[PDB]
Amino acid sequence: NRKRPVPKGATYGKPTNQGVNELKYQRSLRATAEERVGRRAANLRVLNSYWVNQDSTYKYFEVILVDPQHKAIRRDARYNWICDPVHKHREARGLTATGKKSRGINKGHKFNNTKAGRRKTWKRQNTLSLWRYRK
Amino acid sequence: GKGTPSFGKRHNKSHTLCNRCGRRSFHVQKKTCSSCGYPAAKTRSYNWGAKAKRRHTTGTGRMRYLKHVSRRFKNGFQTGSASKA
Amino acid sequence: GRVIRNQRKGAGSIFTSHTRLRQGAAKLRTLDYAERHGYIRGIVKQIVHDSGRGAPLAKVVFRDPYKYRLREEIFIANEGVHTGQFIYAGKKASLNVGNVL
Amino acid sequence: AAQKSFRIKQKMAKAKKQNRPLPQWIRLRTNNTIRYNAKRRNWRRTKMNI
Amino acid sequence: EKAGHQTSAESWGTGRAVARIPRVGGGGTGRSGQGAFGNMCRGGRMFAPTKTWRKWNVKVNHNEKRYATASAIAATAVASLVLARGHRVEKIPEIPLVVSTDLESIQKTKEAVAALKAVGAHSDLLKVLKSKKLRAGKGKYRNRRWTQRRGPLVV
Amino acid sequence: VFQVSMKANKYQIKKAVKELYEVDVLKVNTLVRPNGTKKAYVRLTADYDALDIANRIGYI
Amino acid sequence: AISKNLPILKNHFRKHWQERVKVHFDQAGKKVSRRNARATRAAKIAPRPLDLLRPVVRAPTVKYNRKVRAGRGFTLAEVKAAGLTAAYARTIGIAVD
Amino acid sequence: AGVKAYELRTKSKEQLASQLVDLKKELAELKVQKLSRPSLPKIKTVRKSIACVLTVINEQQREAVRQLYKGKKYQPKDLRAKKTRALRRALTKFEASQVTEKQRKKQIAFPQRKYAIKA
RNA sequence: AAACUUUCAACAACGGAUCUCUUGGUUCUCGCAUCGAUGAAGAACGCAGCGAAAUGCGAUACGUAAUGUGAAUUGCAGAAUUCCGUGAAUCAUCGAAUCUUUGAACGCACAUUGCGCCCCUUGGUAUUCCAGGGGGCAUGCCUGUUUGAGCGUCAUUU
RNA sequence: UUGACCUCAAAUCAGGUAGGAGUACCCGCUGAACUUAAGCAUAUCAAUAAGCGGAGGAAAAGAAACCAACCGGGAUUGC
RNA sequence: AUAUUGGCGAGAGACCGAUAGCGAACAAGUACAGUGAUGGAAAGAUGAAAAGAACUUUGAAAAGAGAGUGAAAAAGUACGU
RNA sequence: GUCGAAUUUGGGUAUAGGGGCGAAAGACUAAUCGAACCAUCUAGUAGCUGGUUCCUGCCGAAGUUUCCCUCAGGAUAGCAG
RNA sequence: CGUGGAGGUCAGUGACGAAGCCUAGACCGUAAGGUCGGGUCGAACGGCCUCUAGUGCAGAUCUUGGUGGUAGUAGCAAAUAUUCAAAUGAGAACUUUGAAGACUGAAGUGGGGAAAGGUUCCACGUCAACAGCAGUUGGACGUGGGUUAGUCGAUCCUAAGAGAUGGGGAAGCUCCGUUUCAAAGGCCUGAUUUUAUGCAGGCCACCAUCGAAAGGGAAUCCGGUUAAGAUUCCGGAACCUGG
Ligand SMILES: [Zn+2]
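Chains as they are written, first to last, in my numbering: chain A, 63 to 197; chain B, 479 to 563; chain C, 873 to 973; chain D, 59 to 108; chain E, 16 to 170; chain F, 6 to 65; chain G, 42 to 138; chain H, 55 to 173.
Among the hints, erroneous ones may be present.
Straight line, CA to CA, 27 Å or less: simulated DSSO-like cross-link-like pairs of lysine-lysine [claimed, not checked]: (1) E:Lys-123 / E:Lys-147; (2) H:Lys-98 / F:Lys-12; (3) A:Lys-133 / H:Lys-156; (4) F:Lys-20 / H:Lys-136; (5) D:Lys-105 / D:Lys-75; (6) A:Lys-150 / H:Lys-98; (7) E:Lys-132 / E:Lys-155; (8) D:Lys-72 / F:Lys-20; (9) C:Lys-881 / C:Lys-931; (10) A:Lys-150 / B:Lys-480; (11) F:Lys-19 / H:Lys-168; (12) H:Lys-156 / H:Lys-67; (13) H:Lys-98 / G:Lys-121; (14) A:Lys-121 / A:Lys-150.
Treat the hints as calculated values from the structure; they're not laboratory data.
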C-alpha cells in the first residue's frame, strides 16, 4: 500500500480522513515502473511494459522503449507516429496500456464515470449552460 | 528590553543578494533564495501567490529573444535576404 | 500537549555526544591471520586521558605483517600496563596482564 | 564595511551615478511631463538594502 | 471578477478605536491601514458586481411578433399617424405612396434622390439633414457621437 | 594616468602602453574608482618622460 | 427556511457553480463560422455533394420502431447485392458499415 | 559621412583589417579631445564606422565558411537554420510522407474518385 | 460707544468638489499557433555631444548590415551634402550579424568579479615556469566506433 | 598460442536527445478544511482549493470484449 | 464538430469615466515598508499658439507696483471651471 | 545583587510552528506566543450588534395559540394590506 | 419628484455664450421640486413619449480626502557655562578669528578599528526646504575631486557543520547517506629524437567540493608628501615565492 506521508499519523481533519496505513494508490505498480524508467531515459518514448517476476518485496517489470531520434524509427512509417511531439511522456499522462486501465478508459455502462475522461465528464455535467434566448 | 534596546543589536544580515534573481533574499546559512528557490533548477512560484507570479512572469523583463518570435512567425521563418527589388 | 524532552533526544540536534577532544574509538586489533595461529608483539607507546571517559587509553604500536609500516592501535588500558611494556596479541600469547588471548 | 565585496561596491557605483537631479534640457522637450527626479535617494533618508 | 479583492486585508477587530472594516496591512505606503473589500470603501468592490449571465435577449412569441408587424404596416397607411410621428407628409398626394418598379433598378444615388424628391419626399429628406446634432451625454465618446431623425422607408 | 577597461589586468596595461605609445613601463598601479571604472597609474622608466608624451598625445 | 405553501424545490447550486457558467454569446458568431466552413469545404471537394449517401434503417426501442431513419452505412451484404465492392463504394461517396 | 558597406565589400581581407585599425586610431584621438572641447558630436560617426567595418568583415568570414561546408552534412550549428527548437525536431517531408507497401497498394488501387451527382 | 461673538452679502484666501473631456480600463465576438542546450523566460552591470527614469540596445552597445519610402531630427548645439539621390530619418520593414556577466546554466566553485586541466599560437635566452590571443573540458540516456574485463563460456596447439 | 560468442565497462570517442519558462484551456497523481445539516461524527463543501508530474494548438477519446431486447441500432466528441 | 481569465492579431458595447474603470489613463508592480515570504500607493486638464511677462521702479533678495502678451492673467508653469 | 566563575561576550554553526527550545515562568521562538509570520481557501458562518438614501395620499398591527435541544430564534393560527 | 444611459420626436437651446457654480432677488407647486433675473464661466445641453439601472444619505467608533475649536495654548527645563572685541553679511546669542572663563581628565567628550552604512570624506559656489530658536554655518542644496600593495587582508587549510557522486527510498516536489553492497587516479624516473607522446618500466589506494577579513598562515621598514590616499605613492634600505 501507500502509507500516507503525514508526520506521526496526525491528519488534522475529520475522522473519515484519518486513514494512514491501508490506502491504495490509484495508479498501478506497473505505471510506477514506466514513469521511473521514463525519467531515466528521457530521450526515449515508452511503448509498453510487461511482468517478468515478483517476490515479497519487489515486483519486476520490463519496459519497451523507442528512440524517436533514430532514423530506423523516423522512417518505417509503421512506427514513426511515436516521433510526434504529442506523444511526449505517454506514461506520465497515462497514455500507456496500463495508464488507460487505471484511468478507466473503456466502453460501456460500467465506465460511465470514466469513458472520455473523469475530469472532463465531471466538468461537463457540473456546468450551467445559458443561451441568448433562455430555454 | 525586547523593544528599543534589542533593536540596537541588528547588524548581522540573514539574506544577501541572489544571483538568479538578485533580490537580496539568498539565505546565507541555508544557501537558498527565499524568492526564486536558487540553487534549485526550477524557479519558485505558487498558485496562491497570484501577485507574486504576476511580479516576475514573462514580459516583465526585456524579452531579448521572445519579443521577435512572432515577427519571424509572420514571415514564415524566412531565410536569406531581400532581393533589392 | 507538547513533545516531551526525552522525545527530543532522538532527533540528535543538541543531544549528540561531544566528540571534539576524543582520541579515537577504543577498539581491539583486527583478527586477520596472526592472532588466530600465533601471536604478535606490540609496544605501549603512551597512556593518555580520553575526554568524556573515566578510564585512560593506551596507544599500542604493532607491525604490519604484509607491508613495511607501523600500524598503531588504541587500547583501553588495563591497570598495571606501563609505557614500554610489550603486548602480545594472539592465540599463542602467554597468560600475562595486557595480552589479548 | 571598509573591506567590501565587489558586488556591493559595484551597486554602490551605480547608486552614486543615479544620485542626480534632472538635466535642465529635459523639461523643454515637446510634450514633456517629467518635472523632477522622483527616484532620488539619500544616505540619511532611505537605505539601499543591498 | 478580481476587482476590489486583489489584497490580503484583514479586520483589526475592536479595541483600536476604529471601525471593524478590513484594513490593508504592512506599513510605509499610505495605503496600509486603509479600508478594503467593502462597497463603501474607496478602491473596494461594488455591491452585487455585474455578471455576464444576466438576461440580455428577450424571447417573444413568433405569432405576437407578426401581430405587431401587421399593425405597423397598417399604421403606415394612416396619414394622421404619419404626421403625428413627424414625417412631413402634408403635401404628399395620397398614402400608401406606391411608385413604379423602375425605382428598384436605379443604380446611382443622384438619380435615386431625384426620384424621391419627385414623389414628395423633399420635405422629409431635408428634415434629416437639418436635425444633425451632438449627443447629450457620455455616449458621444462611446461611438454614438451624433443623432438625427429618420427619413422614409423605401420598400 | 589612464582610465582603463574594467577587465584589463596589469600585464595587459603594460603591453598596451608600450604598443600604443612606444614607451617603457616601470610599474602599473591600478584602482577601481568609486564611479565603477578603473584607473591605471603607469610609471615610465627614467629614459622617457610622461610630460613629453602627454602633449604628444594631445592633452596638457 | 421552510415556509408557506409552496412546492419543494431542488436547486443544485451548493457548489462553486459560478466558476463553470457557459453563456452562449457566440451563437450568432459560431453560426457564421459553421456556414463559412461548409462554403470553404464545398470548394475543396468542388464536384462532390459534401455528404455521404446513407441508408434508411428501422429505429430501435419500440417507442421508436414505428419510424425509419437514416443509418450509418450500407451493410457489406447490401453493397455486394448492388453490384459493387465496399473498397470501391467508399471512394464515390457511399457510406459503408 | 562614414563608411558605406557596399564600398567595404569590394575591399579584401587585409584591406578591411587595416581599415578597421585606422578607425580605432581615429576614435582614440577624438576621446582625447572630448575632454577639452565642450561637445564633440563627430565621435558618433567614427563609432558607427567602426561597427560597419566589423560587420562586413564578419560577413566575409562567415560566407567563406559556408562555401567550405557546402555540399555536405554536419555544418556548424551557428551556420545552419535556427527556426525553432520544436520545428527543428519535427519530422522532415521525406520522413512524414513514409508509406508502407501495404498502404501504397491501397492508395493507388482505391483513391478518392472525383465524382459528382447531377445525372 | 467700541472691542469680541453670531448671522448675511461682496471681494480675497484654504481646499480641490461640480461640470465638460479621455492615447486608459472592463466585457463580448472573430482569426492564428509561434518559447528554450543553434542556450529560453528572468537577473546584474553597462551603452547617447549634452539623460536620472521610462523605452531601446550589448564593448559593433538609444545600436551594425539588408530592403521599402523618399528629405528629415529638434530642447540646445552640431553636421551639412545626406537632397534630380545605391540617399536624411528617435521612419517603416527585418531574412544577415553583434549579443557583456549570468540564468535549465554545462571545467570545479560562487557572501570570492576565486581556483584549475587540455590543444594551437606569440613573447619572456623555455615541452616542464610566467604572461598575451584563440579554441575546449556537465550529467542521464540512445545509435554507432575503438580499447578492454570476467575459468560466463565455445574450437586448436604444445 | 590464436579467434570467437555472451555479459559488463571506459573514452573531452562520431552524431543526437531530456531538463527550464509559460501553464487560460488539456491528461494524470495527491488532497483539505471553512461551510450546510439551524448542534455534530456519516454525509455536504468536493472525487473542489492548495501541492506534484506531463502535452498541444487544441488535448483527450475514438472505430465495440458497445448500446439494446426492438421490424433492432452501429467509432469518438459536442449541443 | 469541443474547450480556452495565457500568447499574438483584429472588430465591437444601452459598461466605467481619474475616490470610477485593472492595483496602475502618468519614469505602476514604480516610490515606499519588511530579515524574509510578501505588502504596495498617491499622481490626468495653462493657452489656438509660450505668445511663459521685454522694459522702468521699490527691495539685499524672494517678490511688489507699473508696463507688456493674450479672446480672456476673473488662464501666470502653486496654471480649465 | 553578584563580581575568577554553573562567569560575561563577539563571530561561525545546528535545532522551525502541534514544531524547536526551556536550571520550568506556559517562559522564549524578530515590540507577535496557552501554538510565530506570510499568502490562499475566504466576500469563511454568525438565531447577535450597528447602519440602510425622495415626496405626498389612503389603509393600518403585534407582543397572543400549538410545535420545536424551543426560551435573544423559527414554523403555525391570529391581527393588516 | 429627481439622477446616469438608451430608441423616437421638438427640422429644440447654444461661442450674439451650453453645462457647472454663487445670489437674506422674483414666480409656480402641500411637497419631492420646477422656472426666471443678475454675476462667474467657457462647449456642449435640454422639453415631451417610451426603454434601462452600479439611480436620491445625516448618521453605520462608515471609506477616502480636506478643514476647525482647543491654540499662539501644553510646551521647546538631564548631560556644571559662558563672556568681550574684530571680520563677514541686508541681517550675527548661534559663522570665522583673537582674548578670557570652564569641562571631558588617559575603564576620556583623545587616537584607531570589526559589524553596519555608502560618499556622509575633501573642495568651490550657496540658504527655497532640513538642522522643533536662528543661521552668512552644516553630515543640508548644486557642482567636481578623491581610495595606487609580491610583503596588510581575502584568496589557501581545516573546525563545528554543509553537500553532490555510487547507491537506496519517495507518485513526485525531493529525502537519506559522505565512503558507504563502485571496475572511482596521476607523480616522478625515463624511451623512439618518422613524433608526439601511445608504447620500455616501476610507485601509488587515500578519495568531489564548501565552511574563519578574531583560528592556522611565505615575506617591509623608516623618512617625506595630499584639500582629501598611503606598512600601497616618492626617496632610501630589505625580504619571500616561483623560474
Ligand atoms: Zn533568487
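Exercise. Starting from the hint list further up, note which numbers the structure goes against and sort them upward.
Key: Hint check: 4, 6, 7, 8, 9, 10, 11, 12 and 13 fail, others pass.
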